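> Below, each chain spelled out in residue letters.
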Amino acid sequence: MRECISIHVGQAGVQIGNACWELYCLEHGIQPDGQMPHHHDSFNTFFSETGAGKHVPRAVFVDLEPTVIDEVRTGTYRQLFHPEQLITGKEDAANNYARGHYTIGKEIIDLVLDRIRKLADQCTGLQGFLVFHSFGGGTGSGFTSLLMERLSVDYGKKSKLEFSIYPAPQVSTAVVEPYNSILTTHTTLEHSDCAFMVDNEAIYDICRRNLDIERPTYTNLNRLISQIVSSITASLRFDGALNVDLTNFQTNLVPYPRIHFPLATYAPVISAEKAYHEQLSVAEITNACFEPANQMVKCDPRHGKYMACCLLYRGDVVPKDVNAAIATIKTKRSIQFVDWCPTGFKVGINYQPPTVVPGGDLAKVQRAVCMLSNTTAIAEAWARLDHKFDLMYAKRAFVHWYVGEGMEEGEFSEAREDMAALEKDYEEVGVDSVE
Amino acid sequence: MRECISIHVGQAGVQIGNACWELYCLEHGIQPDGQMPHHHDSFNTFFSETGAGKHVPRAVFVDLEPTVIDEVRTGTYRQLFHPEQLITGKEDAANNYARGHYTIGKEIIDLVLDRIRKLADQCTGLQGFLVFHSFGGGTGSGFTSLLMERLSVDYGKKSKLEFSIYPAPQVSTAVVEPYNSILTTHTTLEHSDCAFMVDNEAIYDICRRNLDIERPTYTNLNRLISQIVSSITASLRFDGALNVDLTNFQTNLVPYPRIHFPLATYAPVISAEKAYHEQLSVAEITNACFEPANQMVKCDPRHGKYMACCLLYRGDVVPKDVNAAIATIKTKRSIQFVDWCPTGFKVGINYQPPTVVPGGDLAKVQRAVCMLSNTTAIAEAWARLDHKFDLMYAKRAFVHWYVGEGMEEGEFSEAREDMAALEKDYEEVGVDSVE
Amino acid sequence: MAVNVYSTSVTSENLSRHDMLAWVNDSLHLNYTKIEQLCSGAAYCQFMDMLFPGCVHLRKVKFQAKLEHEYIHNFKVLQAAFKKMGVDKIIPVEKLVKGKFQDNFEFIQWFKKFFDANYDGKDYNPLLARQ
Amino acid sequence: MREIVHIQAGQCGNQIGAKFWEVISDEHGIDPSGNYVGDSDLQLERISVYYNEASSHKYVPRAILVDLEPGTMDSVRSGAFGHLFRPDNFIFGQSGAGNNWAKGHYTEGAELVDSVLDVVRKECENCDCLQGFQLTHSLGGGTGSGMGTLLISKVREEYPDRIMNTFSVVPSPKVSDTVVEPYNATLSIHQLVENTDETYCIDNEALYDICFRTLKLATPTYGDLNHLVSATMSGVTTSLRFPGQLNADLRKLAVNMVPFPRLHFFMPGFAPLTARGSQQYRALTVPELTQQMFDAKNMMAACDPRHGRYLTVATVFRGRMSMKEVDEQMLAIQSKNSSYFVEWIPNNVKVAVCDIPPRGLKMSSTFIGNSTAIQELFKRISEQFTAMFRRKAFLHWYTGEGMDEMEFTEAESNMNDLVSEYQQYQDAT
Amino acid sequence: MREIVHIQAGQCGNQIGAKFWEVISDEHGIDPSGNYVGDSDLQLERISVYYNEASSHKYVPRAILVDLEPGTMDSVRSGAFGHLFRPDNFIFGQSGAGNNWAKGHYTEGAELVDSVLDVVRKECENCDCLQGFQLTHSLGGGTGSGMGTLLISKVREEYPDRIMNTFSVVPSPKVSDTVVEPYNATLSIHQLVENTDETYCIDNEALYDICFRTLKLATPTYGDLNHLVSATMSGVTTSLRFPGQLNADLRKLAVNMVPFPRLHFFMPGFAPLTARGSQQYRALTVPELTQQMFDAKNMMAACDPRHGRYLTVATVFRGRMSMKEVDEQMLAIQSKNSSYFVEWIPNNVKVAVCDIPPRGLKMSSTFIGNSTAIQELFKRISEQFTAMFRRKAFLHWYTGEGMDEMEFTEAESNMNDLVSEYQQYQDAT
Ligand SMILES: Nc1nc2c(ncn2[C@@H]2O[C@H](COP(=O)(O)OP(=O)(O)OP(=O)(O)O)[C@@H](O)[C@H]2O)c(=O)[nH]1
Ligand SMILES: Nc1nc2c(ncn2[C@@H]2O[C@H](COP(=O)(O)OP(=O)(O)OP(=O)(O)O)[C@@H](O)[C@H]2O)c(=O)[nH]1
Ligand SMILES: Nc1nc2c(ncn2[C@@H]2O[C@H](COP(=O)(O)OP(=O)(O)OP(=O)(O)O)[C@@H](O)[C@H]2O)c(=O)[nH]1
Ligand SMILES: Nc1nc2c(ncn2[C@@H]2O[C@H](COP(=O)(O)OP(=O)(O)OP(=O)(O)O)[C@@H](O)[C@H]2O)c(=O)[nH]1
Ligand SMILES: [Mg+2]
Ligand SMILES: [Mg+2]
Ligand SMILES: [Mg+2]
Ligand SMILES: [Mg+2]
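Protein chains in written order, with PDB author numbering: chain C, 1 to 37, 40 to 42, 47 to 441; chain A, 1 to 37, 40 to 42, 47 to 441; chain T, 1 to 131; chain D, 1 to 429; chain B, 1 to 429.
These are calculated hints, taken from the structure and not from any lab test.
Every residue, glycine too, gets a C-beta built ideally from N, C-alpha and C.
There could be a bad hint or two in this list.
When the alpha-carbon atoms are kept at most 25 angstroms apart in a straight line, the in silico PhoX-like pairs for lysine-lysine are as follows [said to hold, decoys possible]:
1) T:98 <-> D:379
2) C:430 <-> C:394
3) C:336 <-> T:89
4) T:62 <-> D:379
5) C:336 <-> A:124
6) T:89 <-> A:163
7) D:174 <-> T:66
Computed, partial: chain T to chain B, Cβ under 7 angstroms [what the hints assert, rightly or not]:
8) 11
9) 14
10) 16
11) 17
12) 100
13) 101
Okay, chain C solo, but in the shape it has when bound:
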């Protein structure tokens, strides 16, 4: 009855969404062709049923380069998606923010908005949009910045959750990542309700250490991402003792208009071999999700303070045991809250145990936790990126590509001083003040 649509831009969004939509069809028992064969509409919020038994997803796959999307048209999920929704261009943005925001993106933005408007009108109880985009890309960073300016105008006040891919501190696929990341953050800082952050390097440590896989390809990495996403909207599709909505994370995790950068975390992540030798009780999976070696962004929360938290259990979870486990977590002192936040926990319990994808690495479990911490420790992640941008912009390296594609050298300075204000605001609010 209540609807939410998802938009995937760039290669990272399409590849992640390809693994995410495989999970939804498994949870609701949807065959790849669209037909159908705690437990008990459910699929209505994500799948729009047609006249026949076919259910088509509410997804809009958009990219400029047609290489990745053509795999979806050919792959096993060929008859599921709506043929028109897969929007493709001719040439990529080529890791250039200007190309995907001023020159090439402008020729396709009108086609995308037409399909978005057609999906919204077909539905009645639209909640908000979920956007899966990267940060170092050209059409995943310069185009999703154009979508925010357009979506926020057609629809005034709606939830807009983003699932970004933070550039790693040491691991780096591109060389112009500091240029695209700084420009994107300055523009989508006023058109994003909350932006969950994920780093690619941090997932490698989780898969190698906890799950014990020595060959974590991008398909094994994208399986961990989809589990968090399904946990965010688990209460919309299932009935639980204490439900939450997309607006609940919105109010509970954003104390200030600019401070809306939480970092996700999942638990438990264990292999099948170690599943038989572990009790996996509520009292310790809460502890597992709080250790600094399990966070999914390469930043240690010990150096900062927790502005707010949000836990989302699911399965055979007793509401009494959650209170006891959380009460002693405030006792343990890997946790340090802020002075002006006497209450700093939000709990949501669901009655649907997490499902497993056959052929995957995760084992079947009866309990799960998806913590969404909003900590001050992410300020060190902005400082590191702001240092790379300042070093490379000093000698105007790589600038001639941006200037000649429809941007001005003055615009580069405006985004630089904006991140200086964000860094100052983040530290000043977090640090204590007299009276």
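Given the coordinates of chain C, work out where chains A, T, D and B with the ligands should sit on it, guided by the hints.
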């Protein structure tokens, strides 16, 4: 409801622990794969019980050289242990206390402590630690010292029992044994509640004479030590007419802060052929356990005076018979006590007869005695070890290795003076004094 | 930074409850009658101020705590300077706040050793510091 | 006669109410399908107070269940025991209030209050003689607190000469279910103390404590907590549903326990509470029932009575008992525990006795005491609100939907004033 | 009427109490399930003194079993005749006292006595007219000694005008069960002398001698020892439990046997004790009963009365007999055996007669002597403590948990003063 955990350090510790855990799994009726077909809970005190019927031990096998741990992994007890609990390094300490305590052992101590903390937080009624380690071994000595320091820092006041392997006067396998023993004794003289001592040569003599085996490999010694440990823990594990605890042993056997080096003895040790021709009465098993040739440390208590004694009977034992036998033993000539200890016996009785490992050397018995004596005869062993250390250190042998691996001669000098002070205190306390 | 100490088994240094209470009462000038009354954490916070000037904001600590929930907040300020000072002793504040003889003597026994190691003989009154 | 209209708002109200109409149906012998299947004729003597006669001896409850988010209705409409509610009363919105005051009181609650006042008004006209309203909600949520308060203000204007009770679930000190708890609680208390006759404050942390030690349970779900609150909610009403030696009702309790118009915050209780295995080792008698009431362990709100003085106390016994033993022990309790009762209110104990014991029990009773220890609950909330409001944390989503800083100032001063009047009557002589 | 509250401490207290309740249930005809199965109504005439009535005519013992280590509680619950105790009374900790008086009096004692005092207060207020308390324990263990001392002190503080008996298992002189006996023995005896009323000292070696020689048993066990002790205790209580020609009570016994406030250490004994084979060759009569009673070999405390003088003697008979025979034999015994009777206490014999013989016996008798032979036991314990404290052994583990040498010195001084006064009153003319 009462939980005690065991830490095995070094090759000797790992092998002794393997024998001990085989004995425990036999005693509690646990199959090698972890399933199971006075007794009920019992296994709760040692075996943590998971979601299925599988019970996993509360053991932390730690080593630097991976050979023995890989042997344990490949062995028949493969499905029992938790795979994460088995911790290995890359290269051994190589009979170097400096290598095992300062350079190498500092790179795995954090993981060991994290696993120990997780195991302790899993349980609710934690009682103490049982540490199985040797003295001659470099990794055993160094890592036992490090673990003692770290556990004493983390947990304030808990029972920390150790089952050492005292170097034999003649039988030996190393050349830096005096150095290692002196250093480890000086370091962990203040971080041990009670340190039971066991020697290889005495067990060799016992197995040669009493049990009549002419090929006594290390398995028989491991079985004997495991039997002693199980007899010690039987009071916690089972019900009985007169129960004793780890704190009971600790209180009744340590009269002075430094004099906490008791020696163990077991009875009766007879083969299968000699079992049919013996009555096995309480008085005669008490006499056998009190005989000098049955002691498991190469020192005859006739040269010293008993300071404290602890008898532990298991089986069809009558307290009247125990009282009569103990009164007769106290009357006997060879048993001499200290003047300031008018009462010198602590008696415990248990209703569970000892079990027999199939294929083992020992035969089935209905009565068993474990005798722990804190006496003065260990002063001669301390003096012999001190003389060996002084003779070797008079001309600075192997000190180049020890100094090159992050140590200074000041540590050697302080260890020497501390051992001299300990010997002086032991002699002064043991000797009589007027008024 | 501060030098750490341990306490597992030491003789000739274990003080009685009467002497330990006298040392606490005389040092900070209160009228404590039971060692189980130290679970509030108010007296403990002032000890850190004496040992190291500053490093503890004596305003956010409340001394009139009488329920179970401000005791937890009190300890969140007492040894939050432990991380600042580098001392790595972790106490069971979840179990300390119950006001039992079980741990309230064990922690004060350790604190006496810790206080004696880092005390250089400085003297200051607590009357104006408290008010 | 003297019918009671039941209103359930939020998620807790819909979950407590769903477990409340199970107790009432069992008491009156009403089948889940909605038709009488009982045996004793005393049950049907006064059935119109809660239920409502329809065609073919079908009884439908006189309750309306309304919540902004539609996820809760499908849990009770499609679940068991959902075949007896009238489908018209199932009122729901489109999206949840998002744990917000303004989204539950100005923006999204204003579009639904006009569709719920036309069902209360219609239910009131079919009534013979209205007695009062009942509201079950939470003080920490968005729609349970935001729009449940809006219903109180609208109803009070239409029916000023009526008595309504709120079975609120006040937040807990140890854990917080919502990070922005104080903003919703403070803004609601300032509205409750205006136009409610009496309020029963209930806690979740105290329900875990009671169920863990007294009831000796290991895994108390929310089904067991609501089953414990529902017993107290039925104890108050049962005096006007069944004949008794000394009858009472909603109006009688309000007169005896509200000395001043701003002091109507009560702390409920219940007895006996025993485990399944340890029930044959106790003698069920009035002696030990009154002993179980007055111990601080068996209190439904996390407030120790030893920190304050009982202003007034009312106990509603049930079952069949001698009338002498009841008065003999309230004198002994008052005489022995003479230091915890106020001095300027003599004989501050109200007694009522019914004659129908609950299902599967020889005798029981309910305790409702207006104490002064409640002041420690309002002192804690006003402390948390001050810390957050000074830094303006989370406030820029309460201003963006109608409200302003000026509204927050009144809610804090009013709550601080009520605390001062609550303590002034404790030390007064 | 005249209810008695029973408290059991430590492993010894728990086992002795289990045997005692076995004997009491057999005497009163109470089925192990807890319901009356007996025939005569004289058992039901006075059953509230020990048992407690409960719904469905059940009977629950008025016992409070408590010990730090849970092993004894698990054994008593899992074993037979554990289905009648009230589970609330089952109180235990997690870690034992470890034979440490400091640990049993200052570390676990706090919470344990808080819970125990709560239960004791509830039981006492449930009782109609309290008569006294009973505590069975050992002076050698840690938990029993220290925590029974703490319980006695708190009960004395709460109920000053009440009686309590302590059945203490004193350490043996020949063989010691624990190495550090004297410290606990001295501290416990000091506290008991301070704040108890009467104490029946019982040894183990004397019981073993009695069982081996008189009973002619090859393998005497703790079951038989506890059987003998429980028989003595039941014989003590039967005087007020049952009607008789010349009744006696606990207060009567205390008044008659305690001449001075510091002299309440009695020696018990039982008659007749005969082997199974040699029971049909004896004529059961008061002459031989008294003859078996009044010989040192039939003494349950390892002290030879020939080394001292009987300050006072009490004799509780059972069964049916003749007062003429009883008093005539008492006079004959006093006249023939005058040498070891105190001269300045004329008429130093108290006699009481009941009317119900024990199960499977025509008649029996319990003898309680306040003599001066306990001086040797106190002297031996004081000498051992003096040696151990002079050499300062095991003491840093009493100093490390609160105590100090001042307490030990005070306890030793009190013990020496008590023994000196005992001797000086033995040798008075
Ligand atoms: N976690 C995750 N990240 C991915 C995956 N595939 C690509 N990425 C991220 O995407 C980045 C590559 O840039 P993209 O955002 O994909 O750029 P694009 O979509 O190819 O568009 P152009 O920049 O115009 O070429 C890499 O740095 C990766 O971090 C994936 O499968 N999983
Ligand atoms: N009783 C007994 N002693 C053993 C056994 N295995 C080894 N030892 C003792 O252990 C000593 C060898 O030193 P270890 O502690 O094992 O040293 P390690 O584990 O090989 O590691 P490194 O010290 O680095 O060489 C020998 O002197 C033996 O006395 C065993 O199975 N039984
Ligand atoms: N006693 C009891 N309390 C509950 C139960 N379920 C939820 N609660 C309490 O009710 C609160 C839920 O907030 P609500 O007022 O119901 O909010 P909502 O109905 O979900 O609507 P929103 O505020 O917009 O999210 C939680 O803080 C819980 O403490 C329950 O089953 N029993
Ligand atoms: N007569 C008799 N005495 C017993 C029996 N069992 C134990 N005892 C005595 O009671 C003492 C036992 O010490 P306890 O006070 O029970 O100590 P605990 O319960 O084991 O716990 P700790 O005090 O910590 O050691 C022993 O010294 C025995 O002499 C019994 O069955 N009959
Ligand atoms: Mg691309
Ligand atoms: Mg090795
Ligand atoms: Mg809601
Ligand atoms: Mg014990």
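> Taking 25 angstroms as the top limit, are the C-alpha atoms of residue 98 (chain T) and residue 379 (chain D) close enough?
At roughly 22 angstroms apart (the allowed maximum being 25 angstroms), residue 379 (chain D) and residue 98 (chain T) satisfy the hint.
> Is the Cα-Cα distance between residue 336 (chain C) and residue 89 (chain T) 25 angstroms or less?
17 angstroms, holds
> So if I understand the rule, the pair passes when the alpha-carbon distance is 25 angstroms or less; does residue 336 (chain C) with residue 124 (chain A) pass?
With a Cα-Cα distance of about 18 angstroms, the restraint between residue 336 (chain C) and residue 124 (chain A) holds, given a limit of 25 angstroms.
> Grab the minimum C-beta distance from residue 11 (chain T) to chain B and call the hint holds if it beats 7 angstroms, violated otherwise.
At about 4 angstroms, which falls below the 7 angstroms cut-off, the nearest Cβ of chain B leaves the hint on residue 11 (chain T) intact, so it holds.
> Taking the least C-beta to C-beta distance, is residue 100 (chain T) closer than 7 angstroms to chain B?
Interface hint status for residue 100 (chain T): holds (5 angstroms vs cutoff 7 angstroms).
> Is the hinted pair residue 430 (chain C) and residue 394 (chain C) satisfied, with a Cα-Cα distance of at most 25 angstroms?
18 angstroms, holds
> Does the closest beta carbon of chain B sit nearer than 7 angstroms to the beta carbon of residue 101 (chain T)?
The hint holds - residue 101 (chain T) has a Cβ within 7 angstroms of chain B, the shortest such distance being about 5 angstroms.
> Do the numbers back the hint for residue 17 (chain T), that is, is its least Cβ distance to chain B under 7 angstroms?
The hint holds - residue 17 (chain T) has a Cβ within 7 angstroms of chain B, the shortest such distance being about 5 angstroms.
> With a cut-off of 25 angstroms on the C-alpha distance, tell me whether residue 62 (chain T) and residue 379 (chain D) pass.
Given pair residue 62 (chain T), residue 379 (chain D) holds - Cα atoms ~15 angstroms apart, limit 25 angstroms.
> Under the criterion of a CB-CB separation shorter than 7 angstroms, is residue 14 (chain T) in contact with chain B as hinted?
4 angstroms, holds
> Taking only the CA atoms, is the gap from residue 89 (chain T) to residue 163 (chain A) under or equal to 25 angstroms?
Within the cut-off at roughly 13 angstroms; holds.
> Minimum Cβ distance from residue 16 (chain T) to chain B below 7 angstroms?
4 angstroms, holds
Every hint, counting from the list given before, is met by this structure.
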